[PDB]
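A.B. asks: These are the residues of each chain, in order.
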Amino acid sequence: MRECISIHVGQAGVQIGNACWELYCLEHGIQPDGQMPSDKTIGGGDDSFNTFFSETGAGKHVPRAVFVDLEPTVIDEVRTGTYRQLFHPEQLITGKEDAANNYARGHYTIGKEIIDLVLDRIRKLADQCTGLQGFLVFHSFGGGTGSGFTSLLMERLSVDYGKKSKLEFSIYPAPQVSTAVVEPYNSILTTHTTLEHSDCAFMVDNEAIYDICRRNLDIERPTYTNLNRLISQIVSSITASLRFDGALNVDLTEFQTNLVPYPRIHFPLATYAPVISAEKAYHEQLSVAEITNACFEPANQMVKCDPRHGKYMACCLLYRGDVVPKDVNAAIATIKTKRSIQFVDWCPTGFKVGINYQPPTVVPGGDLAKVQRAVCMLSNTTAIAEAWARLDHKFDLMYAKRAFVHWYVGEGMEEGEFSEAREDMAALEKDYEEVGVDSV
Amino acid sequence: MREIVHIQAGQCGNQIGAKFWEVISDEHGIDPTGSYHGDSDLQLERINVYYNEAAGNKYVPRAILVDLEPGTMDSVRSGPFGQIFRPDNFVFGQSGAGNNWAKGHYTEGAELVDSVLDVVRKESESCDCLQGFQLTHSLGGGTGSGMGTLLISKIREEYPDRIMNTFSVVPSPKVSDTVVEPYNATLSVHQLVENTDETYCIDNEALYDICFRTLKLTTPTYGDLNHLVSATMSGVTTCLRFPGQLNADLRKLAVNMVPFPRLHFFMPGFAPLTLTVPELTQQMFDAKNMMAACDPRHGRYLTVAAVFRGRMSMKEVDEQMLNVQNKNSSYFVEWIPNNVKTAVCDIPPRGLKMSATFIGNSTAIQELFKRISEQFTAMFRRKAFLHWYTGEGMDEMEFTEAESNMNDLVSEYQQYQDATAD
Amino acid sequence: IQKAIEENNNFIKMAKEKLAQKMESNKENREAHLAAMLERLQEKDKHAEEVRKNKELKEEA
Ligand SMILES: Nc1nc2c(ncn2[C@@H]2O[C@H](COP(=O)(O)OP(=O)(O)OP(=O)(O)O)[C@@H](O)[C@H]2O)c(=O)[nH]1
Ligand SMILES: Nc1nc2c(ncn2[C@@H]2O[C@H](COP(=O)(O)OP(=O)(O)OP(=O)(O)O)[C@@H](O)[C@H]2O)c(=O)[nH]1
Ligand SMILES: [Ca+2]
Ligand SMILES: [Ca+2]
Ligand SMILES: [Mg+2]
Ligand SMILES: [Mg+2]
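Each protein sequence line maps, in turn, to chains A, B and C.
Residue numbers 1 to 440, in the UniProt record's numbering, belong to the letters of the first sequence in order.
Residue numbers 1 to 274, 284 to 431, in the UniProt record's numbering, belong to the letters of the second sequence in order.
Residue numbers 127 to 187, in the UniProt record's numbering, belong to the letters of the third sequence in order.
One thing to keep in mind: the hints can contain errors.
Stated by the list, open to error - Stretches of chain C that chain A covers, calculated by requiring three or more beta carbons in the stretch to come under 8 Å of a beta carbon on chain A:
| id | stretch |
| --- | --- |
| 1 | 131-142 |
| 2 | 149-155 |
Unchecked claim - Mimicking EDC-like on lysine to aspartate or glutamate, the simulated pairs with C-alpha atoms at most 16 Å apart in a straight line are:
| id | chain 1 | residue 1 | chain 2 | residue 2 |
| --- | --- | --- | --- | --- |
| 3 | B | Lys-154 | C | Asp-171 |
| 4 | C | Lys-144 | A | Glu-420 |
| 5 | B | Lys-324 | A | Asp-211 |
| 6 | C | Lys-172 | B | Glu-157 |
| 7 | C | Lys-184 | B | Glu-405 |
| 8 | C | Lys-170 | B | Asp-404 |
Stated by the list, open to error - Chain C residues, not near chain A, derived (Cβ > 10 Å throughout):
| id | residue |
| --- | --- |
| 9 | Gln-128 |
| 10 | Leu-164 |
| 11 | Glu-165 |
| 12 | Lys-184 |
Treat the hints as calculated values from the structure; they're not laboratory data.
Note that CB positions come from ideal geometry on N, CA and C, so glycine has one too.
Chain A on its own, in the form it takes in the complex:
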């Protein structure tokens, strides 16, 4: 027990789920048919990997996951693909008509038709948990399903499961892979609506990932497949503390205590290293000091922003592989003398560290080098509000002319929901400003 249930919503959520679950299977030695020869307890167990996988009496290790999309073509590829045996068909839920990049349709017109079924299927996963810890909700900000349906689902999950924890992996839109002009609208609407219903959200800026794939991996024009493989590695690093055990392991919840100083200030910045091609990893072993210093290089962040111009409220380092505390501490002491790391005055400055000894895995035929040690930094920095600012600005440009607003009104929404959502975002931006002001 301490089970975690994963909910993958919309195209981006589903396809990132494909990548995470394939990667988890490889990290745990689970086969595409769900068999895990190393698991000697058949049909059950209390092992660390059971937080994410249930077990059938026939030895199948089944993701504690629901996939949901308002059209079927993306989940159809899960149903017929390499890991289709991994999922009971009820875990994969589709309608026939998507949200057409419209929050209104995902939250109201189309989403209301399938929400009760989705909740029923989540319930069946929860009923086989002995100590459910919470949910992990994967979705795009920009799609009509990822925004609207996710928001509806999170509201309904607060009601059905109280203040049981809900963490998000949210895909922040980038023009290089963007599919709709109205993504700023959907982003602000869903951010406003879910803000009370999420305990912790990890934003993944597609432009940050796009740039990393281009600079660090010599991918000329990254695809969703390139982006998702890299995303799944960061996700894997964040969830590793839940799926593995070890003396130096530190639970994600314990990082969460440090990362969230006020309920609304719950958006950690993730930085991941090393992202290196096989070509360049050959004969180059990257030390603890090297991958740690890389965590304070803004080009390695999952969200474009400049923490050197903001203030820190928490710094967490999640190592995996061949890493021991001595080397971490020496690296950290070096960085503290070299780098622009200023904490707000109301917080302690010590970095919080976890180490999982199982080294990173890579999917065959991938772009990333297999390395001996990797690190994900979770920091709570005021600088992440820059991502809100950029997206609020785009919203303001369109909304001043009510560009495209008629598509939302036609599905039942009111202008008041746009202004209320936007005012919440403005308050969020000042919240991030206020927490950075020195005490008196």
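Since chain A is already given, all that's left is putting chains B and C with the ligands on it; use the hints.
C.D. replies: Showing chains B and C with the ligands alone in chain A's frame:
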């Protein structure tokens, strides 16, 4: 999957309609008997958007052929692929229309519409999930313009939440001398602004000017004009017909292209008109490659869709699309960020290694509507030929109201042209 | 502990109620927009009847 129901009404609509089905039947590997003999599974992944799968693995266009003139049915069955259409889906009058919109909209067309709706319903109710309708037709004639807009309103009454798309051919004296065509066009536009979600403005003025000045065709035939049309329709439906990420259905395209419900009149373009990616891109944004007789550098882009087809570098396409926007910054409204979206489909059209299709929602489209309005008013100025219309019962103000709505459209296009971000 | 129970419950309650209010007003709003569109189309159908009738009477000449 996401079925589109196709309607072709009148001579122009039926005639470009057959060319459309010929072109995409070839792209999707379907021969005149309805059988598939293609090379890529990617041809069939989304075939059901436009085709029904009848047993014997025969594929049948989800198309409905309409005209008050019975002759055009025969010529449709006569042309290549005439065997493929569903015989029941031929819905014919006998008396024709004589370039009288009122006859198409209120009298002879209204007598025949119910029989068309019966065919629409039958096709619609057999759809797993209907997405909407596309109509091919002219605005200058009497059936396509008048009955076509009547069918739009009647279909909307009963699929009010489905997308209504049109390929509307705009009249030009350079191609047709019929003097009432500005009345018929203006009466049609008065309907399209209220009842369609997205209209491709296929402008005969521009098709003529392309054939004469660029293709160097001294006497362009309707087959010369329609070769440009067929290439355009193939292009602007690539995203509906092949596995794709962007504008993959009619509603998502409308959501990306229509910032205000009335301003849904699109300027299509094509390149090459008969090669490197910088040259494709530059050409497809050139005034000479637009299928609407408008200069984009006389207005500003609210939204744009660009679709590239063929084997090429997505890196280069991305760099060139960024390049053209940055160098032409003034012609893209600053208050709609990232308003240009690009798709790349691997399968080129037939006869080409590489092609680009442009869809512009530009405020320059007012130039077209102003031209129709100039021709309209010159005849309404002197109430010329109105008796043809009041003879069917029409009142003289319906002309006044259609004139007024269309000029309102132009002025709304001007308002957003003049808007600024700050 | 009673205060903890009460605040979790109040949170559950107000979330359930807020969503119910919003789902209802969206249903009403969407329905009224569809109803308005259909009423306008229907007004077209009368105007068409009135035009055909107006022609019945020019034929009585
Ligand atoms: N990282 C990543 N981003 C994606 C992926 N697929 C789509 N996106 C992003 O998600 C946004 C579009 O929303 P989608 O998730 O595709 O749409 P949806 O959730 O299916 O909702 P609908 O509008 O109903 O289709 C864009 O901003 C894309 O950049 C993916 O596979 N990986
Ligand atoms: N581009 C193009 N335009 C056409 C074609 N055929 C007719 N037109 C144009 O359409 C206008 C007249 O409309 P038509 O479609 O021919 O007539 P109709 O819609 O059948 O209506 P009625 O003739 O009154 O029954 C003229 O301005 C022509 O220039 C065609 O094949 N291609
Ligand atoms: Ca076990
Ligand atoms: Ca230009
Ligand atoms: Mg989708
Ligand atoms: Mg005719």
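A.B. asks: Decide, hint by hint, whether the structure agrees.
C.D. replies: Hint check:
Proximity of the stretch 131-142 of chain C to chain A, defined as three or more residues with a beta carbon under 8 Å from a beta carbon of that chain, is established by the 5 residues found. For the stretch 149-155 of chain C, the proposed coverage by chain A is satisfied: 6 residues have a C-beta within less than 8 Å of a C-beta in that chain, meeting the threshold of three. Straight-line distance between C-alpha atoms of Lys-154 of chain B and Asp-171 of chain C comes to about 9 Å, which keeps the hinted pair within the 16 Å bound. For a cut-off of 16 Å, the pair hint linking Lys-144 of chain C to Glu-420 of chain A stands: about 14 Å separates their Cα positions.
Of the supplied pair hints, the one linking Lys-324 of chain B and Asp-211 of chain A holds, its CA atoms being roughly 13 Å apart against a limit of 16 Å. The hinted pair formed by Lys-172 of chain C and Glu-157 of chain B meets the criterion: a straight-line CA distance of about 14 Å does not exceed 16 Å. For the hint linking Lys-184 of chain C to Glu-405 of chain B, the alpha-carbon distance of about 15 Å falls within 16 Å, and the restraint holds. Taken as a hint, the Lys-170 of chain C and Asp-404 of chain B pair is honoured in the structure, with Cα atoms around 14 Å apart against an allowance of 16 Å.
Distance check on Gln-128 of chain C: its Cβ is at least 16 Å (rounded) from any Cβ of chain A, clearing the 10 Å threshold; non-interface status holds. With a least CB separation of 14 Å from chain A, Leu-164 of chain C remains clear of the 10 Å interface cut-off, as annotated. Against chain A, the non-interface label of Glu-165 of chain C holds: every CB pair exceeds 10 Å, the least being about 15 Å. Residue-level check passed: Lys-184 of chain C sits 41 Å from the nearest beta carbon of chain A, beyond 10 Å.
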